[PDB]
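Next up is one chain by itself, shown in structure tokens, the form deposited in one PDB entry.
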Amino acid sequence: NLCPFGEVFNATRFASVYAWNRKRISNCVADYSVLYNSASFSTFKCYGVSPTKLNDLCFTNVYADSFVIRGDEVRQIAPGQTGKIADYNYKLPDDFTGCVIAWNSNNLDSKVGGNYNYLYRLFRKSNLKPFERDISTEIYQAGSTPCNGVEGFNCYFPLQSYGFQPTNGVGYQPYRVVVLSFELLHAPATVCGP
């Protein structure tokens, strides 16, 4: 059984980063070489593993997280980073073992007038824990008085639209991101490769 990486990298819709998708990859052969040796990827950074040797490795499970962010935000999808994406949307742990893979998707994820469907969490009182996924839409209280779910001054919907336009500078353009995290237990290794 080949690992279904095609379902992940070649999916048609990608999630908003605040509602990032996770795909559990198990009981399959993972050919990571078809990926690292491809021209498709502007980012391919691995941590706790060498990207070349991936195909010699077995793992207990592999998770593939995916979402869209700005090109100048890909730098935040790494251990030790801070910013609106790392703090409030998708957080990698300090001891992350896996790979971060991104490519420019301006062709599919932009629209002439501005694509506004992709969102990120702008307001949150405290930082996300690693691999925490917050889908709350609770109106955010920025002032002294409770909002009780009504929008207004100091009372803000917590999610913000990216607004991707094809003529954006490259930092403002959308990038699709796949995060492979390599899980290891004292358990059977179900994802090995070649």
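Note that the rigid core is defined as the largest set of C-alphas that superpose within 1.5 Å between two forms. Positions refer to the first chain, counted from 1. First, how it differs from the form deposited in another entry.
Once you line up the core between these two forms, the Cα of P166 stays within less than 2 Å of where it was. After superposition on the rigid core, the Cα atom of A39 is displaced by less than 2 Å between these two forms. For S126, the Cα coordinates differ by under 2 angstroms between these two forms after the core has been superposed.
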The other form holds:
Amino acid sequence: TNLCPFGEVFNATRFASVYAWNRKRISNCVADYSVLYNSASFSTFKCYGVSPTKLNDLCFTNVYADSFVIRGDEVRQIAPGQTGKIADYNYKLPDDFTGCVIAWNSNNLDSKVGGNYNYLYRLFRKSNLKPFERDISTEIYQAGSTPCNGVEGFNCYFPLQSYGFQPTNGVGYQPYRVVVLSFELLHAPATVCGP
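Let me have the form deposited in another entry next, following on from the form deposited in one PDB entry.
Next comes a single chain, given without company.
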């Protein structure tokens, strides 16, 4: 017993680019998921295992707080069976995924007049990610054949783009902080519970 440090994930001052997404292992703590689902401040809150009522009543060996920023029209893609720039090249969930996506509009925090260049995403990739792969490679994307020779140019894409979040974009093109809770049962009996 003390209190799981969800505080550190949700109220984080800075948040990760989606290519370079953060994971935070949660172990050896109480929980209290209801602080989460009862916030006001969550625009999105799909669960995919479990009614978030009865996940307060249940115990897991580990919990992971995957946490990045995307644009609002991308938050469609943070789910099972999804497809596009974000699901394919930046953050895939599995088809059998059982946990919770939370997100919320962060236009106040993560925008600037001229653009916030800090957030980025990956535009091209020789194939799609496996579930929960991350790729923080640079490496010039070869869209043609005829090779790149480390020039960026025609058919030769530097494959990480900036979002450039202004506060005068429309809601589809403004930044959303996302947080995926993933829940695994294993051998070594329990670590994270519910009071």
